[PDB]
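Student: Residues per chain, in single letters:
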Amino acid sequence: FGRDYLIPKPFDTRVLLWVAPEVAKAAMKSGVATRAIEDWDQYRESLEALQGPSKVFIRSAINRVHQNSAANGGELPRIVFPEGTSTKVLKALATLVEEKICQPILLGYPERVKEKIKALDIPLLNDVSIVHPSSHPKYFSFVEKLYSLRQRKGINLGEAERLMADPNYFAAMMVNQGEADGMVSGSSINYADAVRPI
Amino acid sequence: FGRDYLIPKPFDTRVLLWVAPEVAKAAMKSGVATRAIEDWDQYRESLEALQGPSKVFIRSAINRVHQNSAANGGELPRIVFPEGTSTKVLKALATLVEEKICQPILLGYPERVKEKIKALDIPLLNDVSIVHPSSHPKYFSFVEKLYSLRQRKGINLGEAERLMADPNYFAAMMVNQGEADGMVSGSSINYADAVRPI
Amino acid sequence: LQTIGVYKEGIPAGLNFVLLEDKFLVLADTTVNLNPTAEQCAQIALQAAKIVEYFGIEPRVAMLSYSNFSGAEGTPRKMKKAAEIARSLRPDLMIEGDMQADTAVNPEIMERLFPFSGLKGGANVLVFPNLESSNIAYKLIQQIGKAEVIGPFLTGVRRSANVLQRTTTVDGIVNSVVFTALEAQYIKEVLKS
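Residue numbers (the deposited numbering), protein chains in the order written: chain A, 386 to 583; chain C, 386 to 583; chain A', 584 to 776. A prime marks a further copy of an entry chain.
Heads up, none of these hints are tricks.
DSS-like mimics (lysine-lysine), calculated; alpha carbons at most 27 Å apart, straight line:
hint: 1; chain 1: C; residue 1: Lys523; chain 2: A; residue 2: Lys501
hint: 2; chain 1: A; residue 1: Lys503; chain 2: A; residue 2: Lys394
hint: 3; chain 1: C; residue 1: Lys538; chain 2: A'; residue 2: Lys703
hint: 4; chain 1: C; residue 1: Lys501; chain 2: A; residue 2: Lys523
hint: 5; chain 1: C; residue 1: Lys473; chain 2: A; residue 2: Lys538
hint: 6; chain 1: A; residue 1: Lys440; chain 2: A'; residue 2: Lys729
hint: 7; chain 1: A'; residue 1: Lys664; chain 2: C; residue 2: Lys530
hint: 8; chain 1: C; residue 1: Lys503; chain 2: C; residue 2: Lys476
hint: 9; chain 1: A'; residue 1: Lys703; chain 2: A'; residue 2: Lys664
hint: 10; chain 1: A; residue 1: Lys499; chain 2: A; residue 2: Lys476
hint: 11; chain 1: C; residue 1: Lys530; chain 2: A'; residue 2: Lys703
hint: 12; chain 1: A; residue 1: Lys501; chain 2: A; residue 2: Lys476
hint: 13; chain 1: A; residue 1: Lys499; chain 2: A; residue 2: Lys485
hint: 14; chain 1: C; residue 1: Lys538; chain 2: A'; residue 2: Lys664
Sample of chain A' residues lacking proximity to chain C, with all beta carbon distances greater than 10 Å (derived):
hint: 15; residue: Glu592
hint: 16; residue: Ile594
hint: 17; residue: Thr620
hint: 18; residue: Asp675
hint: 19; residue: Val688
hint: 20; residue: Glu691
hint: 21; residue: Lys703
hint: 22; residue: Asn718
hint: 23; residue: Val760
If you're looking for bench data, these hints aren't it; they were derived computationally from the structure. C-beta atoms are modelled at their ideal positions from N, C-alpha and C, and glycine is treated no differently.
Build out the structure end to end from the sequences listed, making use of the hints.
Tutor: In structure tokens, the structure reads:
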């Protein structure tokens with residue numbers, strides 16, 4: 386928003402969602418209307434729904450995330466994104482937060498990712514947790530727990546230190562221990578390569 | 386060398402090699418010697434060999450490296466060390482370089498390796514070339530030569546990009562292209578895991 | 584099969600047509616062979632190409648797989664090697680493998696991700712790695728794709744021959760007869776030579 390952006394671009398899918406309900410709101414307030422819209426949210430929901438039999442589905446979904454979210458204290462599921470410098474993951478997250486779906490935790494070198502957040506003009510998410518694996522306090526507690534889970538499956542104490550240095554394994558181990566409620570990756574890696582550490 | 390280190394340690398293997406030839410040198414210059422040592426290198430070599438059947442073998446070997454090195458223009462074979470921050474590799478490079486065997490090329494962050502070089506106080510190789518993959522000029526030249534090699538073996542353009550981002554594959558490709566004469570790796574990784582890229 | 588037989592190097596194979604607004608896609612083999620070998624897949628495809636060439640259309644062939652060019656042991660290798668055989672047999676034709684489905688039919692996906700692929704302009708002939716994949720694919724397009732599907736028809740026999748299904752409707756019986764007649768004319772013409 387500025388001197389070079391005064392009005393939404395003609396092609397914003399939000400236009401309708403923002404303008405039409407306020408138009409109806411006005412027409413009801415000014416008394417030219419013969420039918421009253423009550424569930425405003427619902428109205429917008431239908432407005433989104435307009436293109437997308439899938440879009441409606443994800444909206445049902447999100448309403449249902451909000452539904453048991455608000456029943457367990459408004460607490461949001463902690464979710465780790467190992468590929469913290471992924472253009473696509475970041476950009477997705479952007480839209481994610483204002484829908485208050487999850488609390489995002491990214492992995493990589495903190496400044497090398499804040500560089501990419503500032504590089505993408507995406508300030509939506511200036512306050513999310515950013516963790517370097519090797520630097521985190523539970524790191525060693527983790528490499529030990531990997532060790533016993535896999536020493537008899539081809540891992541010495543060294544290989545576990547170096548694998549825990551992989552953001553993926555670091556993520557999964559975060560999840561297994563309850564340091565996060567879930568994880569998602571494979572935006573950068575082959576399906577298999579990314580599914581194995583999990 | 387300083388106020389706390391004045392005389393070589395009693396258990397220093399260099400001691401024999403350094404003092405003994407100078408004792409023979411003095412016994413000859415003052416003329417009390419009755420048999421003359423001419424090839425000082427040979428005397429020292431046999432002094433080394435004097436302890437270990439393998440050492441004499443390896444010493445013969447190095448002699449053959451120098452022999453065909455100095456017969457092809459005094460050139461040393463270029464060797465890639467993907468593990469540029471590997472303690473063991475740095476320490477080996479140390480003893481290696483005074484032996485004028487090869488031109489060492491290490492891989493990693495240009496400064497995290499001189500960080501680890503200054504950390505081990507082993508200044509023997511402050512000036513050996515150190516290259517980060519993602520930075521090398523020929524990098525895209527490389528990702529495509531890998532691509533054609535593995536585009537039909539489960540690799541698209543993206544995975545070949547990150548795979549050339551790995552020092553190992555980088556070493557190998559360097560070798561393959563004649564941008565290096567040899568490579569050695571795997572002081573950090575499993576024999577299988579490290580051999581696969583080669 | 585016991586009476587007519589197939590011609591030299593033939594394989595008995597069931598083929599479908601998927602009809603879109605512009606192009607049509609050809610699906611095989613959907614009734615006959617349970618888990619066809621590489622040599623067999625290449626022949627299924629070659630026949631499917633004589634059939635599409637009959638209608639004056641450039642045949643574009645994809646050996647379908649769950650992988651994009653892995654050559655991995657198993658299905659992908661069979662299909663990759665399959666395409667390799669098919670090219671060995673008709674070098675003028677655009678044939679490739681192994682590749683996923685979407686990677687096949689869509690030329691945009693092909694140029695973006697696998698620009699090395701010899702197949703461009705999207706596939707118009709889809710050979711399946713086995714019977715499970717092809718019967719489930721064709722009957723699923725018919726029911727969900729809401730694009731129209733005719734078949735299955737029989738191919739590769741020495742003479743004009745065709746099997747209906749019991750579930751066949753009358754429309755099905757009449758177009759099936761049409762193809763039978765045509766292939767018959769095509770047989771007569773191969774005879775004339």
